[PDB]
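The complex is shown incomplete by one protein chain, all other protein chains being positioned as in the whole.
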C-alpha cells in the first residue's frame, strides 16, 4: 500500500519520459508515488520532499530533469536514500546538458544516473526494483522472471 | 561597509578561480563577502544564504561551481537578486559540464553565466560592478576609469 | 516612457527567439526598445548604438545572436552598461556555436549569458528585471509577485 | 566477514581511480572484495563472476572501466544485482568515451552510472552503502554519521 | 553454400541499418548468415556465437549496435576472427555514443570500426569482401569490377 | 617595403601562436606588419584598422584570437579585403570555442578559417602567400620552391 | 569567358549546398566552372584536376564535401592556388565531421574553411571574389556595391 519508491520530475513535459518508470514499477507490483517537484520553481517543496522521504517510508527516489538538471542532485543532498537520476532529452542539446548536469556529482553526494530519455526512465525503475529485491524475496522472484522473459523474447534473426 | 556583493563557491578547490572575482571587487572598492557555500554538501546553508541575501542588503550574488554545478541555479531559485554564475574548470571535462549545468536554466529562474575559469570569475565581478554602477555614481566613475585603463594599456605590437 | 532596456538582434530570423524577452519586459511593465543591429552587416550601427546607450538612458542591453555570434560581445566592448547575451539556436550545431561565441568572453569585457533559445530570451528579460528592481521598488514588488505566482502555479503531480 | 560488495575493474591502470571506492567501503566497514575482471581480455572470467555474484552473497557490484567501457554493462547482463558503473578517465577523450559507453544502456539492463574519475568511484561506494543501509540499521547509522560529518566539515570561508 | 561472414545485430531496429551490409554481401556473392544476437539481453547467446564462429567456418563477423554499443567488442573478446563494427545511429546522441563505445577498444582486442549508419554497414560488407578477396581470386575479380564501376559511374558535373 | 599583409591578434598571449605566421611571411619575403588589435578591449582601434586597411595598401589580413574569438569576423565586417582567421588554442576548451566563433560566419561576411593553433597560423601565412602569388610572379616562384622543398624533404621512413 | 574559379564537389547530394556558391559567382559576373570530383571514388580525376588547375587559368578553387571530407585538402595538396573549403552538413554529426576533416589541415598545406552548409558556400564565393578583386578593379567595384547594398538592406527593427 504505502509507497516505497518516489518518482519525481520538474514539469508535466517530463512525464512523456518518466511515465516509463511509472509503468515498470506498476508491472513489477512495486508501490510508489509519482509527483511533480521543481528544483528551481519549488525549491522549498524539494527540500521538504527529500528530507522527509526516509521517515515517510520511501526506499528509493527516481528523479528526472532536463537542461540544467538539478533535481536529482539536490534531492540527493537532502536524503540518505539512494537517488537515481534520469536525464530528460532537451531540445537543443539532445540531453547532453541533462546528462552532464546529473552524472557529474562531486564526491560525497551520489546520483546513480541512467541513459538519456525513455530507456533511462525504464532502467531507473528496473534498478530500483533490483535494489528492493535484495530484501524482498517475492519481488526478487518477479524480477528474475521478468529478466528471463526478456531474454527468451529475443528472436534469432531479423525480419528482412 | 556592509557587503553589497556576495561571492560564494562550493569548495576550497574553487578558490584558485574565484579569487579573481574577489580581487576585482577589492580593486573597485566594492564592499563584499567571500564565502564557501556547498549546494550538495551544505544545502540548508545554501537555502538560508540565498533566501536572506536581499534582507541582508546584498545586491548581486556571484556563485562559482564545477562539475554538476548547481550552486548558481539553486541560489537563483531562492532569491530575486541577480545571480551571476562562474563555471569552474573541472578536471576531466574542462568545465563543459560546469558550463552546461549553469547556463541551461529553464525559463523563469535566470543565471547570468560567464566564461569557464578565471576569465569568468573576473568578468562576474565586472558585471556585478556594472550593475551596481547604475545607481552608484562614484562607482560608475571608477568603473569608467577601469575600462578606460584596460583599453589604453593594450600594446600596439607583440614582444 | 523612455526605454531603460534595449533588446537587439542581428536578423528577423532571431525574432522568433527574442520575442520572448520583449513579451516578458512588457508583462513586467518595463519600458524598452526592440531593434535590429547586425554585428557583421551593420558594424558602424552597432558601434553607435552601444556607445550611446548610456547617454540615451538605457540601463541594460539584451542582445541575441546565433552561429558565430558576436553581437553581445561587441556591444559590451562599447558600453559600460550590463550586457546580457542570448544564444539563438543555429541549424547545424544547435546553438553550441552560438553559446561558445557568446559566453567565452576574455577577462575584462563581460557578457552575462543565458540558455540557448527561448528559455534564454525569457531569462534575459527576467535578469534585466532583477537588475532594475534593485533601484525601482514598484518593479521589485511586481517581480516578487511574478516569482511567487510561478511557484504557486506548479502542480503537485503530473497528468497521467 | 563475507563480502557484500564487489569492486571490479578491467586493469591495474584503473586502480588509481577505483582505490577511492575501496577506501570508502573500508571506512564504512562494509565487507567487500576488490578484483580485476577484464571484459575484453577475460570475458569468461567476467561471465563467471557476474553470474555467480548473487549466490556468493554479493548485494551490489561496483564496476570501473575506461575507453570502450563495457565491464559494467556486461556485468549487469549476467546478474539481477544492482550494478554501479564508474567511468575511468581515458587519456585522449578524458572519460567521455567511458561515460557514454557506460550510461547509455538500452532499456531492460540498467547500470547506475557515477561521475568520471575519482569522484565517481567514491560515489559508487557511497551509493552502494546507501543501498545496503536500507536493510542494515548499524550501517545506516554509520552512513548518517558520515554524511553529517561531510556537511559539518565544510568551511565557511576559503583560505 | 556455408556462410563465411556473419552479420549480427542486437535488435530488429538495427536491421534498417544492417540490411545494407546484407545486400552488399549478396551482390558480391559472398555466402553469409544474418542473425540477432543481443549483448545485454542474450549474453550467453553472444558468448556461444562468438566462441564457435571459427569452428563453424566463419571468416569475418560484422556486428552492429547503437547506444552503449557492446556487441562488436564482446564478440571480438571471444573470437580470433576479424570483427568489424557498425555504429548504429542513436536517437539523442546521433550515434556518437555508438561510435565511441565501439571504436575505443583497449589494446589487445580490436574492432575495425566503420562510419555511423548505413554508410558504415555498406562499408563493413565491402571491407569484409576485401579481406576475403585476399584468398579468393574469383571474388577479388568481382570486387575489382565493383570498384571500377563505382568510379566509372561518377558524373563529371552536377545536375543544376 | 610597404606592408601587403597585416597580422593582427588580440593579446600578447596569442603571440606564441601567431609568431608562426610572422616567420613564414618573413621566409617568403612578403612585406607585412604584425600588431596587437583587441576586438573587445580596443574596438575603436579595430574599426579604424580594418576600415583603412585597403587604402593603406594591405591586400590580406590574418587575424588570430582565442575563446569568444571575434577579431577575424569583425575585421571582415569593416573591409572588403580577404580576412583569414586563426583559432588560438584556449586553455579550457582547447580552441573549440575559438574555432566555432571564427568559422561559423553567416552568409555575407566571410572569414577563411585555418586550423587551431600553430599549424593554422603557418597556414594562414601560406594561404595569404598563395593569394598574393596570383599577381606577383616572383613571389609565385618562391612559393613554388617552398612547396617543392616541403614535399621533397619528407623522409621515407621514421627514425 | 574562361573560368577563373572552379567549384568542385564529390556528389550530386552536395549540390544543394554548393549551388549557393555558383549563384553568387554568377551574380558578381565571375567566370567559373562547376564540376563533380570525388576524392574517394575518382582519386585520379582529383589529382589531374588539381595539378592542372593553374595552367588552365584557374585562380581559386572552392571545394565542398561532407563526412570524412577529404576533397578540399587533397586538392590543396596538388595545387599552389588558394583552396577554399565548404563543410557540407552530414546527417548524423551535423557537419562536425565535415568541419574538422576540412579545417584541421597540417602546417604546410592550407585550406581556407567556411561555415558548415549554405552560409559557407555563399561565403566561399564571396571570399573568392575578395581575392580576385585585389587585381580586378571592375570586380572590386561590383563587390563594394554588393557589400554596401547588403548593409543598406538591414532593417532598423523586426517585424513583430
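The letters A, B, C, D, E, F and G name the chains in turn, as written, and every chain counts its residues from 1.
By definition in this document, contacts are C-beta pairs under 8 Å (C-beta built on N, C-alpha and C of every residue); 3 or more make two chains touch, one makes a residue touch a chain.
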Specify the residue from the set G:68, G:140 or G:154 that touches the hidden chain. G:68
Sole touch to the unshown chain from F:4, F:96, F:105 or F:139: residue F:96
Full-complex touch with the removed chain, picking from E:7, E:37 or E:127, is E:127
Take the complete complex as the reference. Which residues in subunit G touch the chain that isn't displayed? 10, 39-41, 43-44, 47, 67-70, 73-74, 76-78, 90, 93, 96-97, 100-106, 108-109, 111
Quickly run down the residues of subunit F that touch the omitted chain. 89, 94-96, 115-117, 119, 150-151, 154-159
Need a quick check: the contact residues on subunit E for the chain that isn't drawn. 20, 59, 80-82, 84, 99, 103-116, 118-119, 122-124, 126-127, 130-131, 133-135, 140, 143-144, 147, 150
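One rule holds in what follows: only the chains that are shown with their structure count from here on.
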A-E against D-E, pair bridged by the larger set of C-beta contacts: D-E
Computed distance of Cα centres, subunit G from subunit E, in Å: 35
Centroid distance [mean C-alpha coordinates] between subunit G and subunit A, Å: 50
Whole-Å gap separating subunit E and subunit F, where each centre is the average of the chain's CA atoms: 44
Where subunit B touches two or more other chains at once, by residue number: 11, 41, 67-68, 93-94, 96, 103-106, 108-109, 115-116, 119, 150
